[PDB]
Structures are given as structure tokens and as C-alpha cells.
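First comes one chain, alone, set out as C-alpha cells in the form deposited without the ligand.
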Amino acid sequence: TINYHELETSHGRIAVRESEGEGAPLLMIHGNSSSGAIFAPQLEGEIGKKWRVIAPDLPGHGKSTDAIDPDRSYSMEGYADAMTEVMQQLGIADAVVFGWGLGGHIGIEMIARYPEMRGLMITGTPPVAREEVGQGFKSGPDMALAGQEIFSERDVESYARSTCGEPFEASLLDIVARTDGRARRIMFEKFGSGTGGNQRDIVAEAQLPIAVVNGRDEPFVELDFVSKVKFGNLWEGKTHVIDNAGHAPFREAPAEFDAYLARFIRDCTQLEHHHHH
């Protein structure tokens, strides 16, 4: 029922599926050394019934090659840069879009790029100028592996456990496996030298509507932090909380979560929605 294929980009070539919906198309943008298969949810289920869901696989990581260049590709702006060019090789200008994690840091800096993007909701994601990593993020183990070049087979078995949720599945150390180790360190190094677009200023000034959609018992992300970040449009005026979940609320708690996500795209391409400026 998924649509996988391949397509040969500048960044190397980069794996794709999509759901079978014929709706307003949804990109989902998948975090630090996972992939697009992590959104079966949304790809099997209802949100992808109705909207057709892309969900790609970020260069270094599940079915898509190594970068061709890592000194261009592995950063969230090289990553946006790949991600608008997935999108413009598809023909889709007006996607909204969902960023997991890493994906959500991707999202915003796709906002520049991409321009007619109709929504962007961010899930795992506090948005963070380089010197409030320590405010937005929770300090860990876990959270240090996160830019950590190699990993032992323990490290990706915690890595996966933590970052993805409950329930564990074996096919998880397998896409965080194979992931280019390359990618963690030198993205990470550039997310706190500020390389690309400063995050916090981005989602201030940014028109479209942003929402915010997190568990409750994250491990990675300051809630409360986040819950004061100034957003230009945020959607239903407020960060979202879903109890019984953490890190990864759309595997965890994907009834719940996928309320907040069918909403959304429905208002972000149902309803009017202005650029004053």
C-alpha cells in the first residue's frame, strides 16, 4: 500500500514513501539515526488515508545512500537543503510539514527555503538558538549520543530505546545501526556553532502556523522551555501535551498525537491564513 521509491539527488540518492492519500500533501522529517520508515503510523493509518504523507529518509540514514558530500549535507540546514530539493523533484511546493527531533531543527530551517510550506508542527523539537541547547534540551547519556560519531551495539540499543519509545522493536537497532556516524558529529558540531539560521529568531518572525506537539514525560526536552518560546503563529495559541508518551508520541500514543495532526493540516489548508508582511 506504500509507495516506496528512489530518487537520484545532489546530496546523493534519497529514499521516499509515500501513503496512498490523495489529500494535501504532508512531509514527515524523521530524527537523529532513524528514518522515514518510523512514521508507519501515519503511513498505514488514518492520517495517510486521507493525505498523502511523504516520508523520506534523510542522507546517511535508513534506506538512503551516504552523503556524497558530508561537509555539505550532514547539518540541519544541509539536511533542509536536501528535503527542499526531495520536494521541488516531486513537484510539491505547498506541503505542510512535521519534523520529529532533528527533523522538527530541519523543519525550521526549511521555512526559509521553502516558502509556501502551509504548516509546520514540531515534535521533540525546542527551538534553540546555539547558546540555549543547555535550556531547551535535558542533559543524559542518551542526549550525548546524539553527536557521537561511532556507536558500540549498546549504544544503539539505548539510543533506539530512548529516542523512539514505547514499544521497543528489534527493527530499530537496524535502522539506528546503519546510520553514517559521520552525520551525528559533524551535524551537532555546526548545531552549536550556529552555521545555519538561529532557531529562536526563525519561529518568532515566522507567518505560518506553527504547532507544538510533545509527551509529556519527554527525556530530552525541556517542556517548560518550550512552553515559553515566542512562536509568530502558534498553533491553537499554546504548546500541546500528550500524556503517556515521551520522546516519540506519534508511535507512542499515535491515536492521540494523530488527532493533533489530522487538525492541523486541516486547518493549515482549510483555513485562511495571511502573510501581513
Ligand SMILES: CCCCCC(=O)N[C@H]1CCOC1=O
Given for the second form:
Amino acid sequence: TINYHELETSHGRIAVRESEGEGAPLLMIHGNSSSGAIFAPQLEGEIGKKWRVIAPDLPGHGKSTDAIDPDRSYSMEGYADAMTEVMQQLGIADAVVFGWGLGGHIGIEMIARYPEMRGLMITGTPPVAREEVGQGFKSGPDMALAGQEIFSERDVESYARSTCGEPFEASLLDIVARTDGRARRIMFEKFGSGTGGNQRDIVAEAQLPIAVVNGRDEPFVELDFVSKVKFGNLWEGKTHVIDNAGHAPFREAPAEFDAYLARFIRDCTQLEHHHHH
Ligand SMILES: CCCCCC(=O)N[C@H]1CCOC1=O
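Same protein, the form solved in complex with the ligand this time rather than the form deposited without the ligand?
Shown next: the complete complex, the earlier chain at its head.
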């Protein structure tokens, strides 16, 4: 019952999946070398049955084309531009946004570009200034692949297994193998070059509700660091941790993840929130 269609955008042709839900819209943004197909549990499950879930593929990812201009598109801020253009074409100005990994960093960059965003949930994403990368992320061989252009077959498998967690499915290899490797290299370099907004300052100053939900056994993100990040309006007043999940709780522990996501959507769309400045 998923509505699949493609949009011609200034970045290239962007693939979009939409759930059947009549309720408030939720944009879900996938991570590095993934695709919106990863959000099957939300798209096809109870979240997507109630709310209008939109899960696009970033340029260079999934069923989208490679970027027309990699130098423009393949960066946290460039992806944020692309997603903002997608939402404009879909006529949706006030989505709640969920971002996974790279997708969470993209969501942070979207705050300035998508002013009627009703909330942002980030999973697998430490808001960090460029000089804080070592504090926010755990060092390791799979983390090292995040910025590597060319993946071998073994790289594809290792990266898919670590980023997606249990259960591994063969379809994941196809998603990761497709990714335009230039996107990994350029996005990583540009983060290091400080090309976009300072994410630490952005989340500290943002007035919209920001929710933080992670798997307890995160292999990429330093949860203690994340629990100390200053947020302007931290949803439910703390960062949340789900047992028996790692980098991808939305698929590893869907029931528990969906409880948080559903409640966040309810809060962001049913309660008053004020911008005092
Ligand atoms: C340069 C900092 C890391 C960039 C963000 C990133 O690539 N995060 C990956 C890690 C696992 O899944 C992702 O999307």
C-alpha cells in the first residue's frame, strides 16, 4: 500500500515513498549509503497507517539518480536543500522530521531552511561541531567507511551489518552497493571543512522540539556525549535509550522505537509550542 513516485528536482530525480496515512506528515530521512526503503517498519506499520510518512532517497542513494552536481548536493547542507525542495514540491511545509544518522545531521541543517518544521527527532546522530567529531562518534573500521569512496564487496557487507543491526537482510547489500561513493567522500570532507552551520550551536538555539532516541548498544555514537548536548527544547527533557538495539532501533526494536515516534508526533502536532523570539 506504499505510494512510490519520482520527482524531478534541481538535484536530480528523487524517489519518494509515502504511507497511506491521513494524519499529520512525517518526513523520514535515511542515513549514509542507505535509502528510504530502510523505513519499511514505519511505512508499512502502525505509524504509516495513521500518519503520512514520507521516505525519500537522497541524491546518489537508493532509487534516486546521482546528483546533477555532486559539489552542490553531497553535503549535510546540500541534502537539507534537496529535502526542502522535495517537501516544497509535495506541498508540505509543516512536517515533523525524523533523521537517522547522516539523516539526523541533515534534519539539523533543515531547521533554518524549513521554518515550519513541527519537530525533529534524531537517531544515531550526535550534534557536533567539526572539532568535536571524536567526542561524538566511536572510532572503528565501519565508522572509517563512512567517508570512503570505493567499497569492496566486503566493505558493503560490513557497513550494512553494522549500520543496520539485527536482522541482516540481503536486500541491504543492494542499497549500500548502489550508493554513489563520491557522496561519502565529499560529505565527509565538507563536514570537516566546516561548510555548513555549527550543529552544536544550532540545536542549542533551536526553539522547536528536538527528540533524541538511540539504541543502548550504539556502535557509532557516544551516548554519554549525546546525553550532555545542550538542546533549546529537548523533548521530554532527556535523551532516550532503547535496550537491545544499536544504530537502527527503528528496525531492530520497532515496537519500542515506534512508541517514542508516535508520542513525539502527537506532542508536536497536538500541543502548543511557542517561539518566544
Ligand atoms: C563526518 C561525521 C559522520 C557523518 C554522518 C554519518 O555518516 N553517519 C553515518 C554513521 C552510520 O550511519 C550514518 O548515516
